[PDB]
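Using the sequences plus the hints, can you model the full thing?
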Amino acid sequence: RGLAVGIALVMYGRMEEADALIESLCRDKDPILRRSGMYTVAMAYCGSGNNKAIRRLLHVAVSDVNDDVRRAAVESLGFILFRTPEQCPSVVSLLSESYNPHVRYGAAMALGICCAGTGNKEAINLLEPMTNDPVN
Amino acid sequence: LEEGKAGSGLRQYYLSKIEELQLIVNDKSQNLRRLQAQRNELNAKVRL
Amino acid sequence: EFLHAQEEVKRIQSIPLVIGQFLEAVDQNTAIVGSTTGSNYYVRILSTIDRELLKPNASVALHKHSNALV
Amino acid sequence: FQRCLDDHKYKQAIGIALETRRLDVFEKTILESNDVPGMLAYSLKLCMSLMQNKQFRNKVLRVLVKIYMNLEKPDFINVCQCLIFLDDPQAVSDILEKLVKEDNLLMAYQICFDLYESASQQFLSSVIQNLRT
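Protein chains in written order, with the entry's author numbering: chain A, 546 to 681; chain B, 11 to 58; chain C, 71 to 140; chain D, 138 to 270.
Hint data in this document are derived by calculation from the structure and do not stem from the laboratory.
Honestly, I wouldn't trust all of these hints.
Derived pair list, reagent style DMTMM-like, types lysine to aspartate or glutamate, alpha-carbon separation capped at 25 Å [to be verified]:
#	chain 1	residue 1	chain 2	residue 2
1	D	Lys182	A	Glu561
2	B	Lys15	D	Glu156
3	D	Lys196	D	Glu239
Each pair of labels, with its calculated beta carbon distance range [claimed, not checked]:
#	chain 1	residue 1	chain 2	residue 2	range
4	B	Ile28	D	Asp172	44 to 54 Å
5	C	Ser117	A	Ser635	27 to 37 Å
6	B	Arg43	C	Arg121	32 to 42 Å
7	A	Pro646	D	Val162	54 to 64 Å
8	D	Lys165	A	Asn670	18 to 28 Å
9	C	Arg121	A	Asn670	48 to 58 Å
10	A	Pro646	C	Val88	29 to 39 Å
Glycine is no exception: its CB is placed at the ideal position from the N, C-alpha and C atoms.
So this is what it looks like as structure tokens:
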């Protein structure tokens, strides 16, 4: 877990230059190392509206079998979309009503990082039943 | 026609271009909200 | 996961059920049933059974441990 | 494009000029006659906001700084809006040494603050090495 964030943070804003490592970390059978590849595709594509990012980053958010990697998928949403905060309420609102809490957790902190310090009030409109959840 | 020749030559290129680009976005939002509620039904099943 | 849910709901009933008799219905999906072991109980009931077969009285099927209407 | 020159409105001209990846047509629309020389301020935000690629982005960003150097006053915005993306250390150090050289320590004093707030580590470490040269 210490080397999870570390190899994600050794590359930062390379925007195409990570994709051999991006693909290699996602394929492996280590769940932490798949999780670390999701942080890596966040930190290499910060503030870019790449369709190739948001496709590949969210395909594993639905499909993957460990739940910790499902969080760090949907936690990486705000790191690539923080520059345009109009899109993050529209894309996380339906993931905030999933069946498992791990998707619903990283849905909430995706709102916290995409809309950083604005008076968005649409993210606040989403967080009202989120703070009234059964799961702690 | 200072602008009348400019309206039909270099703006009508844009006005014709942004027309169908509006029509697809007008189309997909209809198609998207259909996909939203169909996911809303099945998720309301499974959580129950 | 929707097919996993219907399977697990389905295979909660094919089991050596115990038989008690229905006694009273509180509300939606919860009721009072008394077993034929004695020792009257109070358990949840399903969503499968149409509720018009529980008039005051019916012999009913019950899980061993969870003891719910089956 | 000659009809876009005959338009007298040149934002219509600058649209196609960035579509077909041609850049002398880009340079001529800002080094045109006196029709709002702050078209570069439109073009900077146009390259800031909605440029996806980075391969020709710096090229359009550095054909901007050719006209900023050819503008009357160099200092103000062009360095910390363009060159920090273009990460040229010694280009900053030399032209700021130029700004000290005409005894202008008031706006060089400004641009160093704006450089430290915006730009990153190892770009400031690289330029301060070329400071003391």
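Quick rundown of the hints versus the structure:
| no. | hint | in the structure |
| --- | --- | --- |
| 1 | D:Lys182 to A:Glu561 | holds, 23 Å |
| 2 | B:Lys15 to D:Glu156 | holds, 22 Å |
| 3 | D:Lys196 to D:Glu239 | violated, 30 Å |
| 4 | B:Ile28 to D:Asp172: 44 to 54 Å | violated, 25 Å |
| 5 | C:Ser117 to A:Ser635: 27 to 37 Å | holds, 34 Å |
| 6 | B:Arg43 to C:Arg121: 32 to 42 Å | holds, 36 Å |
| 7 | A:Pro646 to D:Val162: 54 to 64 Å | holds, 56 Å |
| 8 | D:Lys165 to A:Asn670: 18 to 28 Å | violated, 49 Å |
| 9 | C:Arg121 to A:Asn670: 48 to 58 Å | violated, 38 Å |
| 10 | A:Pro646 to C:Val88: 29 to 39 Å | holds, 35 Å |
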